[PDB]
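The chain that follows stands alone, in the form solved without sinefungin, written as structure tokens.
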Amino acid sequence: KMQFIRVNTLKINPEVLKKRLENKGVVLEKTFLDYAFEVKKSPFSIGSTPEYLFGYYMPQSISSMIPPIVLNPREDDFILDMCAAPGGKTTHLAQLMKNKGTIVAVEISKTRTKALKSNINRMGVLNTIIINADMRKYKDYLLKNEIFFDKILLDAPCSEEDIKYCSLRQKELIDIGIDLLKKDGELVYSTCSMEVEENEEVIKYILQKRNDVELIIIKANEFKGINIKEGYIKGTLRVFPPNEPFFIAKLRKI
């Protein structure tokens, strides 16, 4: 697997971090993002450095950096990250928002909520409210209190079944997501799963189910150097090896 790091601009400039790691023997190659680098060689585990401890970067695939960029949160947005642990994307969203606005990050597992909180704290993220809850229940609390979102990320991982619910209930959850959006709001659905009922079929499900949602065409053009192209629904994207497999789609409530 190719190793990449996302430099945390909430805390450090990318070129400054790059040099600091190069001085320790790490070899870093540019990517399409001025704040992400491909780790070509490193004399030590990338997650064992004081720089990682200090929250100067997040080790994660470059494919996993795409959903937050596609969602493209505004600094003043109110955002929901439905299946947030471990928090790589949650913290990326906070960086894009320059720590302004609010991200509500939900995680059903008490154990994974600890990892999520650890990353948020390590990365210096201040705008995120961590909720340890099941979205199928918490959505009733949001709805009854009229708490709607400007944008929502439903990035699905790839009882025990409740713990893994976001890898199984993507159709149910994307529908909950549209219920939680303000009119004109946007939701990005992403997942590293390539299962047949977990990529395009989730999108076909929701477009057929609801008359208040439409697809937003995502273009592959800006993602230079990534092996990415369209899914079998125009406007959706799939990433292929050598990058981490990933599916990404974007919807708007109308």
Contents of the next structure:
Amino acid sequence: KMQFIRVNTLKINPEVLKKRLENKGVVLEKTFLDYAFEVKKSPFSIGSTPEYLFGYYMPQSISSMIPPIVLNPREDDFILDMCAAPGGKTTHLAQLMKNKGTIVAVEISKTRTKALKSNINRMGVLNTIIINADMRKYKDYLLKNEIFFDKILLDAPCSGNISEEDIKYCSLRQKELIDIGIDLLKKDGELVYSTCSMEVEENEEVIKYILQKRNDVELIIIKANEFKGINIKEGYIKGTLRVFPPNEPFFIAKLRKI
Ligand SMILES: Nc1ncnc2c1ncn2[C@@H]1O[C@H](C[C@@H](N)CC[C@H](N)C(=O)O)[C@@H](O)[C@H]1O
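Moving from the form solved without sinefungin, what structure would you give for the form deposited with sinefungin bound?
In what comes next, the whole complex appears, and the chain from above leads the way.
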């Protein structure tokens, strides 16, 4: 299985970090991103370097770096990260926003909220409000108070996080979450649905469900061609993307409230 790291441009320049790690015996390979590297060899556990501890990078699959790139938040945006822990994608969104605007990062589990806050503090992120709550109830609070967002990441839990039952259970949850995400989007706003599963029940089923359920949503077409070097192709709904082995299994789509 491949290992990659995302360089945290909040704190450090790609080439400064690259030189420092290569001088300690790390062998790094380019990526379709100037701030992400493939780790080819490491005398270090990569979550264990002083550089990691300083917030210089985040280890993560390259697949998992796509949803924030596709959502493409701007600097001053107001952003919801619906299912946020451990914060891989929350800190990615913050880096893309350069620590401007606001991310509301929501996490159901109390324990996982710990890991989320740790990642955020470690990566030096300042634009993020951590909510420990069930999104399905937290959204009434947001709706009552008219708190709509410019762009939303729904990076949903997946069957793999933990059978046919696992998949059916996750799919149902994902369908609940996405309807909620559309409800919380400003008119003309953008939601990315992603998940660590390439199973169609968690993928195009959830997309087909929301398109038939609602009249106020439009599929935005995403293209693979940008994502060089990644085993990524079009889903079975045009303009959706599925990532395959030997990349980490993943699915990404993008919607617009009309
Ligand atoms: N209703 C819910 N509200 C908030 N968080 C949830 C809810 N249901 C599941 N989750 C969380 O969804 C997360 C699943 C992860 N795949 C998210 C990864 C995260 N987006 C990252 O990039 O690092 C877990 O943290 C679950 O605790």
